[PDB]
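Let's start with one chain on its own, the form solved without this ligand, as structure tokens.
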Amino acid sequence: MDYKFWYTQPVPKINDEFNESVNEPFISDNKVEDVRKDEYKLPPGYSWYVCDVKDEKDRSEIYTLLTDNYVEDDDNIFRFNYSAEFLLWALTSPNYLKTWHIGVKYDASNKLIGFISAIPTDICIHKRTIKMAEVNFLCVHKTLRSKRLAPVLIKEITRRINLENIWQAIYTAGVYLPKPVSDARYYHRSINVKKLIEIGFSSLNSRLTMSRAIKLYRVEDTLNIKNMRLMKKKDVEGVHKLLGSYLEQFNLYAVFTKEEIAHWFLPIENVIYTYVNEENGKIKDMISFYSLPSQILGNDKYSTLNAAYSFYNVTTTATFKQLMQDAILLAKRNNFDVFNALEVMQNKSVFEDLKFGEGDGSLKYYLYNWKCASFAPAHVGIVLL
């Protein structure tokens, strides 16, 4: 469209296109001393609020905000419903800054009507590793849309990130903004076929009857990798080597420390599931997926769609297809109705044989203040929450 806000930012214009040989900031030589020390101005009657995600009640307010006002599907049927424990995990990774968890209250009601967050992560883009912020959970109450609050939230979190001498960010969105480094479609694998049908997530046809669909998606309750088990603390060193080594082949990925691997992969029920295969004290395969339910809007039978989202999967003792089949089984065993994945890393290679269906959106990946060539999503090696 016009991108009146985005055009003022150090991000590519719609028709910018860079060679593989360009891989650098739009704006370099930035100085912490020059960063604005004043908070951005909000409309009258609204105030900044620093959220303490560790405090159950502040976390609860964020939770209510996103539950009522966060991302809905292309047809307004489902609304994503990140749990409060999920937020706690997502926002308190190693070395996180409380002051990057930013709310906006309406002064008269004392209610949170806006939120944006970031966490620090080292990102390797085209072989250069840069300290970045990973921005997520941008949300404006539905009653306050199209009033230019989001640019205020964006400019304010940028200011706070810059105060820590960080000048790049990574973020994703389902909407097209200037200008994606990569673009990955959603694919879905039906587990609880009948419920997906009944809530309008999937459909049948005259050559696919209900029973024939249920048979189509039926899975054998037996693992290809028989020793796949929930990750424990003892496996942190092993997962660090297995996943770290794997990721280096990609054009975009997080560079995890051991403390980050423990955070991101140690299991938390109804948040993060990590399974590992250990063989001679070495971790040789891993599977992981996170829990992101959607509230089902106005349905008398079901309130919640239980979805698993593929996170990081690595095999050295089986095929990729066999490892993903085990992923679908582990998600079934943990009561999920559907397993979702993006066409990143090696994932697209197994979607046809494992009976994934193409979804409606795509997820665009973005860098702030970074000029580089775009690339196919098989070359993406990071999955944001």
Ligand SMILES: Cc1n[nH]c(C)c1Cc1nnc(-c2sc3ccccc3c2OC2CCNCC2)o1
Contents of the next structure:
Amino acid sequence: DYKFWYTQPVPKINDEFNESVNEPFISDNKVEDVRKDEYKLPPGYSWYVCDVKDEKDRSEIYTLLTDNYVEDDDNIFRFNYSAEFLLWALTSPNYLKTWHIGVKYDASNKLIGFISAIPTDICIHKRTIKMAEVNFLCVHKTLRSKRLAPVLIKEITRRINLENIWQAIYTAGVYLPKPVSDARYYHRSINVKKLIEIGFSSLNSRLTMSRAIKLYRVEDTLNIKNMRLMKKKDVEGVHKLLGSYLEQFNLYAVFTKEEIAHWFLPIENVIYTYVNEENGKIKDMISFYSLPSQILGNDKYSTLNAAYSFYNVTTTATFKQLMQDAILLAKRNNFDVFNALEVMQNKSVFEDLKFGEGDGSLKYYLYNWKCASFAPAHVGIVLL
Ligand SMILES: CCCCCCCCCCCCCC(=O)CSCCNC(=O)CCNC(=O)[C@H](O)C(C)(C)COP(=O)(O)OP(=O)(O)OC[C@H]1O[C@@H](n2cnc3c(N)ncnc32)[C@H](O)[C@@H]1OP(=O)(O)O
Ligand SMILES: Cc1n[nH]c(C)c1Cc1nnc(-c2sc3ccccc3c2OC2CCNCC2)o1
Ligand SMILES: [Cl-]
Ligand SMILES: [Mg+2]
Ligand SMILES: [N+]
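For comparison with the form solved without this ligand, provide the form deposited with this ligand bound.
Then the entire complex follows, led off by the chain already shown.
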């Protein structure tokens, strides 16, 4: 029925647009007309402005997400974004603290809901638009199906519109009106044995434990011998290499140098970026972020460490050789599995590099934007 989504400027379930349509649902919006009152919460709940730079406010958001955020379909894994990852994800250039919105239960003073946005320039079918990237919408498990989520959504929309921004980008595993693209995820086992023991991977009479371990063995030698952790001197080179690469896609963020520095400079247990420099020029890059999942009800293991393919560009090797090196660098950093979406050129290497198809897919959405949908190979952005 989508009783809430149908009141919003997003496509109806049956809407399909020609490649030539690329425009808002509602144009000529006026900042002066935006509501100045906060949306009403049910009795006993209050808005709270989170300070993600304050360790203790950041720890509250962390706890709320650790306990109540996204699980896989079978409720075996729940994402466990670290506190330091949340700092990086929310404090990108020109971020607004007022777009990091909590909801507390007054009587306990406990955070029970959150939603966030950061500003980014998004190019959709060759038109670049200032947008908000929305993420970390979460309502405590005890308060589900009370229609709190549309309150969170309408309040962040209002605060975004105060900044004269009228479009947003977001991703979800659930189907909503109406994806612009849908990308399945794939997984490449690194610590085979652990993945078998927690239920993620399987054996059979052909594939015994020892044979599974040998199937996924990797050689500890890079195809691109000089691939090294990115350093601040590499920001201009990464900006040129990535910025050029991304223009081929139907949907991508347009990064400034500031943004390159924030989204790529390495941070242990958060973001890993490697580069290959030749004559002071960056010719190849690999990047993946750390997103562990908490393992629910396994006696032996509590955490699955997982590296998430982010942006990868090669000019001196084949894309397969580059992604093989990305797997190796993940293995060198203690990750159990390497996860990738079928975006950009990724799908082309999955069979050869022994990726297995996962359980589900990630839907990409835009708010207040009408356009043709497209295959995920034409998606050139990866959200957190
Ligand atoms: C111009 C600026 C524009 C800015 C805003 C752009 C839009 C931003 C939109 C947000 C983007 C976030 C992206 C992002 O964070 C990444 S996707 C991860 C979302 N978070 C989780 O899955 C965490 C675990 N689940 C929860 O915490 C709750 O189930 C949530 C809070 C999801 C819903 O709480 P609830 O207690 O289960 O449900 P009610 O309160 O009763 O609300 C039901 C209404 O919520 C609609 N719903 C459910 N899940 C949704 C989802 N993932 N996106 C959008 N809408 C979602 C649902 O269809 C229904 O509407 P309908 O009746 O029409 O069908
Ligand atoms: C809960 C869980 N534990 N382990 C799994 C697999 C899942 C299910 C799942 N949901 N999204 C995904 C994937 S794979 C993936 C691979 C590369 C890049 C992004 C993603 C991605 O999305 C990102 C970005 C949007 N925000 C959530 C995380 O994977
Ligand atoms: Cl309303
Ligand atoms: Mg609710
Ligand atoms: N996301």
